[PDB]
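Questions regarding the structure given below will be posed in turn.
On to chain A.
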Amino acid sequence: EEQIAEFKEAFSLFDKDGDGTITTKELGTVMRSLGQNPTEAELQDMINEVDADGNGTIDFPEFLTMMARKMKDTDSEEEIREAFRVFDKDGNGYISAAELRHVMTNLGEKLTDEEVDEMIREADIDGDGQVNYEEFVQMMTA
Partner candidate 1 sequence: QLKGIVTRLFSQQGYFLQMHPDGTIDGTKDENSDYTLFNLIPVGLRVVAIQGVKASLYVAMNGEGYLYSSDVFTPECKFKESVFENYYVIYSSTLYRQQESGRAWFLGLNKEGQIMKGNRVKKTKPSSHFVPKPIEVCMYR
Partner candidate 2 sequence: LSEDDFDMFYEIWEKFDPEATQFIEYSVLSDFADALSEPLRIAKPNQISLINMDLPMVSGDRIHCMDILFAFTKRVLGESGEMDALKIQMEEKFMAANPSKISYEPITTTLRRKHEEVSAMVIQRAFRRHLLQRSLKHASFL
């Protein structure tokens, strides 16, 4: 499938030295490439819970397992539309970008400023300050 090919591509973006193995350092550079700022403790955690070998590295299968845990949808039904509706105060299909930013930064598994910024650049296409959350849901589950 195209799936495993994308996994090969990912491993390909990851291996600078091409040793077949991902290090805590490399995890670091990647997480940072996503816009996160993990601690060494957090990385050692991210490894320890997913390491089967405990080789400090991630081979293709372990990469598969981890990406599988991340990609699987748990509370996602595409009726995440409901989740947006929870915050759509007047139900007009639009949420002001400000409110969205506040909510995302102050509630739940809060997003970083980088994450929020990108999310907002993606969600407010016309930059009018109003966000058509349904189109965002379509885009998001493409």
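Everything below uses one rule, namely that contacts are C-beta pairs under 8 Å (C-beta built on N, C-alpha and C of every residue); 3 or more make two chains touch, one makes a residue touch a chain; residues count from 1.
Regarding selection, all candidates are chains of the complex that A comes from, given by their letters.
Q: Scan 1 or 2 and return whichever one touches chain A in the complex.
A: That would be candidate 2, which touches chain A.
Q: Touching candidate 2 in the complex: which residues of chain A?
A: Against candidate 2, the touching part of chain A is residues 5-7, 9-10, 12-13, 33-35, 67, 70-71, 73-76, 80, 82-87, 91, 103-104, 107-111, 115, 119, 140-141.
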